[PDB]
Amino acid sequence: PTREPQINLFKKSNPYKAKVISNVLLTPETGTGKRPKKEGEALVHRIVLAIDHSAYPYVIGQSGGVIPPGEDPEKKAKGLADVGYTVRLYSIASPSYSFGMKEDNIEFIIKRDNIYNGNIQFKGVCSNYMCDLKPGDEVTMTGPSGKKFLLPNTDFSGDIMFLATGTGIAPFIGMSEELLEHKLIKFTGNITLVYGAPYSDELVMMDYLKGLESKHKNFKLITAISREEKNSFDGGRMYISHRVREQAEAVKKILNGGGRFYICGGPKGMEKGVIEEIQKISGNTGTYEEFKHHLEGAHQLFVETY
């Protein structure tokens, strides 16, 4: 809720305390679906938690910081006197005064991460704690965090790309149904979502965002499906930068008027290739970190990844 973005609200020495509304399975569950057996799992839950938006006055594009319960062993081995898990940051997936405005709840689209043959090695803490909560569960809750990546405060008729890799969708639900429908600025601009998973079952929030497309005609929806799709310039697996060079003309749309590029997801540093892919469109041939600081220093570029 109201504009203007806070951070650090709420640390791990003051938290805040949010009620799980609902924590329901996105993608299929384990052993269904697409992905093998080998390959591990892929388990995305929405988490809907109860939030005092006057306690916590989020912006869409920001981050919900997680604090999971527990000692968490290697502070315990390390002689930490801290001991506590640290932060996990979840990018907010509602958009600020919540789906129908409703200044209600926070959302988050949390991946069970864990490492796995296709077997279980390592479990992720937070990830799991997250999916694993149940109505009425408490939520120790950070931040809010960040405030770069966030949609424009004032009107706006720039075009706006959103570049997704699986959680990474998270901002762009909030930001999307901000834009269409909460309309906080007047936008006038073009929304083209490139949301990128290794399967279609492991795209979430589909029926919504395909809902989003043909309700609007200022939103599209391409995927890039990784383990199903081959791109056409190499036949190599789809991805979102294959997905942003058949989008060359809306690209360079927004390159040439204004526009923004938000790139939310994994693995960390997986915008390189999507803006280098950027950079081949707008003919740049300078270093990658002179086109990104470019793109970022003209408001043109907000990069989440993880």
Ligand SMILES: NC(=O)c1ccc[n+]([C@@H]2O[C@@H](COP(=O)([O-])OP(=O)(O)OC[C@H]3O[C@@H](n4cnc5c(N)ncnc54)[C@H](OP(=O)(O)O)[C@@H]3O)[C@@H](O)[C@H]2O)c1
Contents of the next structure:
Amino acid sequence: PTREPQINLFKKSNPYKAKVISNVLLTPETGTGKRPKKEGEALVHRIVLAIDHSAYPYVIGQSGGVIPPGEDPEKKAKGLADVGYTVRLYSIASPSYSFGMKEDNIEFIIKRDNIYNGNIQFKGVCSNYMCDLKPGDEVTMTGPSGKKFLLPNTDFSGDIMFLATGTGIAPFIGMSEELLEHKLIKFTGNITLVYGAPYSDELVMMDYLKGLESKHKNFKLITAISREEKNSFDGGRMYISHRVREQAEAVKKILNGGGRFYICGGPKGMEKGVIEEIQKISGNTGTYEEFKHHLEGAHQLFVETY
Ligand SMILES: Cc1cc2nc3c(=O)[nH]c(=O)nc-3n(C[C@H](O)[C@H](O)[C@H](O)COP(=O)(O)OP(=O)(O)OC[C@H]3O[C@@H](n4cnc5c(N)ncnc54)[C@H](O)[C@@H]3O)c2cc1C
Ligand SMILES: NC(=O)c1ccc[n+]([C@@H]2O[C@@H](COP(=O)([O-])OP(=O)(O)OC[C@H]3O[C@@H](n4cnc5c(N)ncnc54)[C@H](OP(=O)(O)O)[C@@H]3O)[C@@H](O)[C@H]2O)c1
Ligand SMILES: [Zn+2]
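I would like to compare: after the form deposited without the named molecule, may I see the structure of the form deposited with the named molecule bound?
First the chain shown before, then all remaining chains and molecules of the complex.
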């Protein structure tokens, strides 16, 4: 709520407690759906926490931090006296003032981060804790965290391209609702959301997103289903990067029209492929990093990958 980002209003020494309102699964229960045994599981939950927007005035594009209950084995073994699990960050998926501007909650899009044969081998601590939350449970929170990945704070006319993979879709749900419905600013540009995942059933919030597309014209939705589609260029898996190449003109519109690029999701450093595809389109032949830093400097690039 209330524009202008604040960070670290809550640290591990003064956490913020939040009660769980809802925690619903968004992907097929294990065994159902397209992902075969040998490829493990893709269990993605949508999690809604009740908070006091007065005490936790977050801004969409920011991250919330969670502290999983318990003692970190590695820390105890190293004997740290801290021992408590270190914070895990998650992209806030709800719009600044919540859906319907009720200012009553905050939401996350979290996936069980396991390893896996097809059977489980290692089990992510925090992601599973979250996905195991029951309505009424209390969550230890930190933040807000981050103040770079943000929307314009004044009226905007340039086009905006959202590039997401998997859970990276989170920030773009809130941002999409805020730009198209909440209108905290007069936005007159075109939104292009390029969203990628392994299987069609692992694309989450689709009903909502497709609905956004049919209601606006202001908003186009493209998907890259990597394990069901091959790109037309090299016949490899279809990634969002290949979609960018197909959207050469929407890309050019942004490069020359003062638009913005938001890239979010995994795996770590997945922005490289997307960025150097944008560079091909611009035709600029500087080094990858010279082009990337230029865009960021020009406020036309925003990247959060993990
Ligand atoms: C800015 C930011 C935003 C993020 N947003 C989201 C988001 O919106 N949604 C989301 O789901 N995640 C998001 N993440 C990731 C999140 O922060 C966590 O890193 C992630 O959920 C996994 O945390 P974990 O505690 O469950 O995994 P950890 O317990 O820290 O384990 C990490 C990985 O290591 C593996 N592992 C554990 N033990 C071993 C071992 N002995 N040998 C080999 N491997 C092992 C685990 O299986 C796991 O896959 C974000 C991260 C960042 C930095
Ligand atoms: N277990 C792994 O080592 C592994 C495997 C794939 C990606 N990531 C996954 O990404 C995180 C989230 O998983 P999720 O179930 O929410 O969905 P997801 O596995 O993250 O899928 C996101 C999409 O990005 C694609 N991709 C992989 N490398 C890329 C690059 N360099 N440039 C552009 N796109 C790329 C993936 O294609 P693919 O069909 O080739 O994966 C996938 O379709 C992690 O949990 C991790 O599982 C790492
Ligand atoms: Zn509308």
